[PDB]
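Given the coordinates of chain A, work out where chains B and B' with the ligands should sit on it, guided by the hints.
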Amino acid sequence: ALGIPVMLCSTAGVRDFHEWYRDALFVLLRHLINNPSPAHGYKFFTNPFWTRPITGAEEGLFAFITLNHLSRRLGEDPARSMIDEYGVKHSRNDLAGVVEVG
Amino acid sequence: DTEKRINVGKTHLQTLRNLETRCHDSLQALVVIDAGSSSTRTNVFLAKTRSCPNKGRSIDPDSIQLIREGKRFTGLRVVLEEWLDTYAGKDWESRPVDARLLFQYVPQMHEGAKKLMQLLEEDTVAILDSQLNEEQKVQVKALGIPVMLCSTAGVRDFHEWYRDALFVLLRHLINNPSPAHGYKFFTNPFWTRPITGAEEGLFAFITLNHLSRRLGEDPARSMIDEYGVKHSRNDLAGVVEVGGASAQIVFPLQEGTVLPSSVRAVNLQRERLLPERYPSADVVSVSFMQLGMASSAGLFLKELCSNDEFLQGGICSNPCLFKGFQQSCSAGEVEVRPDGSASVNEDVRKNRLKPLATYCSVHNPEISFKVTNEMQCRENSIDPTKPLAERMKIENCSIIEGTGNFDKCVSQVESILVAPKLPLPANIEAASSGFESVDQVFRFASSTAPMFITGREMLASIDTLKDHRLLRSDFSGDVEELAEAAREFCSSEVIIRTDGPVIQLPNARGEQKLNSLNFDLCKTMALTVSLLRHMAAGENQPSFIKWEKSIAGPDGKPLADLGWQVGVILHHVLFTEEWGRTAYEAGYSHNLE
Amino acid sequence: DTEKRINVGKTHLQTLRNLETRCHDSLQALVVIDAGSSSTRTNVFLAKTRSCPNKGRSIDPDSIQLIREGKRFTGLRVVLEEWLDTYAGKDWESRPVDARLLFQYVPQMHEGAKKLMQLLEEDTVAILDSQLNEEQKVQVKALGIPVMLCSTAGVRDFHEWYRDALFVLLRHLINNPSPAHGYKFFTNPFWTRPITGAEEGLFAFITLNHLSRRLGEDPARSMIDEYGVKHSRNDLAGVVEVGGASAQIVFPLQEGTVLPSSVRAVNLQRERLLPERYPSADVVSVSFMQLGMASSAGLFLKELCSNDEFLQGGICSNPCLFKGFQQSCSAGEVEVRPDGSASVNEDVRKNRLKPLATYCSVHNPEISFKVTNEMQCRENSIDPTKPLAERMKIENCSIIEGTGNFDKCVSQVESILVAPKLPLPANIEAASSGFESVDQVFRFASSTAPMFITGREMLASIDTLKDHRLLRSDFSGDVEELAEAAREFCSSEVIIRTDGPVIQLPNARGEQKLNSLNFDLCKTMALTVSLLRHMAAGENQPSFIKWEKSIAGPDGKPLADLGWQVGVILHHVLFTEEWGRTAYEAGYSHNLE
Ligand SMILES: Nc1ncnc2c1ncn2[C@@H]1O[C@H](COP(=O)(O)OP(=O)(O)NP(=O)(O)O)[C@@H](O)[C@H]1O
Ligand SMILES: Nc1ncnc2c1ncn2[C@@H]1O[C@H](COP(=O)(O)OP(=O)(O)NP(=O)(O)O)[C@@H](O)[C@H]1O
Ligand SMILES: [Mg+2]
Ligand SMILES: [Mg+2]
Ligand SMILES: [Mg+2]
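Chains as they are written, first to last, in the deposited numbering: chain A, 178 to 279; chain B, 37 to 629; chain B', 37 to 629. A prime marks a further copy of an entry chain.
The shape of chain A in the complex, shown without the other chains:
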């Protein structure tokens, strides 16, 4: 009933890919997601903001967000964050960094 947001992100595989080809493939990939089999009932959909080639910095930044979210270091609630006397929100625990070797 709610629909299934689909996020297809390409990494180092096509990051160095020459000419237009990769970007043209992504326009075709989104149309294929937006047009799924009606038989299964699962309403898959996408947009150029969700399905797109992600940069190396973005790939790393999202990996940082995953680590800190799961380990409960990142949060906007009083359990994981704190507001000082100058109205600035700081995290209660130190944010951890990541080294991912794909």
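Think of the hints as simulated: they come from the structure by calculation, not from any bench. For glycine and all other residues, C-beta sits at the position ideal for the given N, C-alpha and C. There are no misleading hints in this set.
So the derived list for chain B, only partly shown, Cβ under 8 Å to chain B', looks like this: (1) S87; (2) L137; (3) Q140; (4) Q175; (5) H208; (6) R617; (7) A622; (8) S625; (9) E629.
DEER-style ranges, computed between Cβ atoms: (10) A:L205 <-> B':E575: 21 to 31 Å; (11) B:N212 <-> B':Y123: 55 to 65 Å; (12) B:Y263 <-> B':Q172: 49 to 59 Å; (13) A:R249 <-> B':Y123: 41 to 51 Å.
Within a straight-line C-alpha distance of at most 20 Å, the following computed SDA-like cross-link-like pairs (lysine to any residue) qualify: (14) B':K46 <-> B:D200; (15) B:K151 <-> B:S214; (16) B':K91 <-> B:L610; (17) B:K46 <-> B':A135; (18) B':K173 <-> B:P215.
Leaving out everything else, chains B and B' with the ligands in the frame of chain A:
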């Protein structure tokens, strides 16, 4: 050695980097002008503003504190009545007046309002100059001063277009202050406007719950259940406010208290009184005209001394007045002189029956076209056909004598003020919410929420009995405990001594000096008994009934006084985006040429 | 008779009712400080603010007009270099310097920046006082003055932390102005910050299209198709800006022009440059270091006089210099004296090869750790191992002689500046967008959008030929029409006459006085030919190429000058909610204690 030397410069950049990233607090002044029945007075407040990068500027609701309530200047009713006396002719109350013709005298109304506004402006500046330091003055002058002038029961019953036309002129006078003082006062039709009786009551409820720390959106005062609904940690308290011309009865509805279709309750979030982030509540808010101290005093004397049971050979026997007390038969201001005598001011302006007699006129369209309002006046002894002087006059009466019977006083306050046959004049707003009278409030709507009583005389009724040891230091609000204490006090004799008139309590209990404030306090004592009787009669009874003047803050010192003032501020300031647009984005700079 | 009398008072209320309901316009000053390579100058703008009830305060983008561009004070590079000369020792360019140790000299950097900021503040106030009237001064002082100081190519290549630390100090100096003048200047890290080469170009594009009425969100400049997409009515024009140290090439991509994966185009809405309500466009924005007038002049002399084809027995033959012209062999500032001689200033600060030689140092981490940047310096004849003086020195050269061959000058500007083997030093930003050089821009990305050329000398190259009747009054921008006109002009002899040095045109065409501005204009003429050659080589060719100084407004008078200034204002002001929060809600009041 040099490690500590390079750290000073590193700290120098960090301090500067913190200044730009952090929020900055600045002091701002807020003005609420209570344009009530009795008088028009300024209320100067101070609040802490917080400006954050990409977050704009907002007011800390908990930082809102009253610095001073200014001098009591001429009421809006007097200003408009003086204008009609000179531009529509003297004794316009007894003659048919053409409202269309008064439009040529609008610049003349501006001068009348200018005189009052210049006094209020001068007083506000005098308060700010005396309380603020030079550093505080700079922050206050730079941010601008939002002004909120709201009219209550004084001009609520005012006939024709005059009241609304005055408000357009009042806003222009605020928006154009003296540049000499430096204080940048500004207003808009959303801040400066006549407030309804329900609104007056609702703001008084918001003030009480804010100051007592019952209403809040933070985890300290509120709680989110497993279904994402914010509830307040402490029970929201209701209020009973008794002014000069009107009384407000406000209380929130606890649980799923099902009400009749005719009875109209107000949800604070749905009716845009409080933001969505605040905990929701369905509140019953009703205001009754002719119930305030000054107006109820005049109406009681008119109805009691018109009844054959109390008027005999020109001598009206009043059960709400002490034994031995004597006064002239008129609703005019009573001054208790040092020789025991009661001086009654016979001036039309100083007469307490004037606002009611001015409303009850066959020349007022609310009477001539509406028969229902005419019968409401006639039942309260006012003949709308008769001239103004004849309306305020207590016919076939010369002297009012005090009988001192408390039980007879309660019985009369009940039939006249609390539960009359027809509703008291100028109460269409109350009737539209489903309440024709005070008795109907607790009959149709009841709550288990604690009640708070406000009003100079309402407190005085309790304190006087507490002082003479007739009531316990700890008083929960027992109806018959109060009625027994007041019955012994009201039966007291008045002895004219060398020092002056003294209230001699029976069975040698004690004594106190008789003055212009306590001579008729037994009428208010009876009003409190009757009010608590209906609260105890209702399906749901309050947890406790408290009598308070002002709420003590966290430091021990009171933050602000009880009333609609703080409530009207919070009604605007709590809407973060809307407040920032009107107070900071538009600001006093909007008034510039 | 009385019908007209009552109507005056009726109008009196309507006028007052209109004032509160209507919007009010107030004048506000905006300051953009161009902290460029050559100098640091203020740009005072004036805009019309509009405050509406419940709608807040906003700026009319079309009302934005430049009143004056202030005096040209010391550049940020000079301020930081003077600080290093006194706190890291003299000739720090040839010695290894410990950056950590410089942290103890941060308060000393504040004093150096204070001296420059006080000059800029004094100049800004002098402009405002001279142009604004008393009524205008009040509105300007009350609203506050947003200040936007942005650094460009001058400190873009600046080594270590120094540049960013200076910006933290610069913001504190703006936020703390002299209270005596009354003008309330304020800033934030979003307004005052070093801008990138792409941003510098993108803002210059926004300025051009705004002033020429090509970019707008209204129906006059835009159109909504049947699929709810806003398109601009007129084609968006591109810009070519040539400054002191860098050149920007900006153009929007028309239609579905497919680009390679390496080439990075910027969508104005997606990258938050313009609001969603504005028509969308994919724009190619690239900036090239060592391409600006001053930096390209120094680099050309270094590379040309290092080639064996041009240097013989200490005499460097320059094809971009006129026949008979003679000067010393150094990149220092050339002053054409009245006796025909060329005075070359040998001061390190005044030398045009200094910013390049300071960047190309083995002590700079961008060279010592990055071999690629070292080879970029070595190919442009700068040895990073050698001392500062030896780097700027044109080895085995004494005198530069002018040959006046235009075709040879074009061929050299092409191989050195336009299309070199390796990219010109400090161009990592350009390379990351997919453009190592100027020739690669139109090779990988091309547009049918009209181009606009900006820069003192770029215009002078066209105007000089137009004045001597070598080019038509109406000049579309033909490449070979320009090359023929410039070839005849550059071959001109220099005759030292009693009046001074005169440029004698061949076949008795005409004559003009030779000065410090036009002596090397043939290098810029060749640059324009090479630039137009690549534009004509690209898959898509511009509709027309125009040379403009400033854009004429609707009244005929120009609103503002072309550059990144108006663009940076519109980048902030057009985000209605965000601008109102920072400029009006927070304002100068944020700086208060
Ligand atoms: N200085 C005073 N402070 C407090 N109460 C006063 C004062 N002077 C008189 N009173 C008493 O309090 C009543 C007026 O109370 P007040 O709080 O001013 O309401 P109001 O604004 O005049 N009435 P309303 O129009 O219904 O809001 C008078 O009728 C007096 O009994
Ligand atoms: N007063 C002046 N007005 C305009 N151009 C000037 C002026 N003085 C010198 N110029 C010339 O224009 C160049 C500087 O142009 P300018 O617009 O100030 O860019 P810039 O800000 O110094 N460079 P950049 O850091 O890349 O933004 C100099 O190299 C001169 O050739
Ligand atoms: Mg991976
Ligand atoms: Mg009141
Ligand atoms: Mg520039």
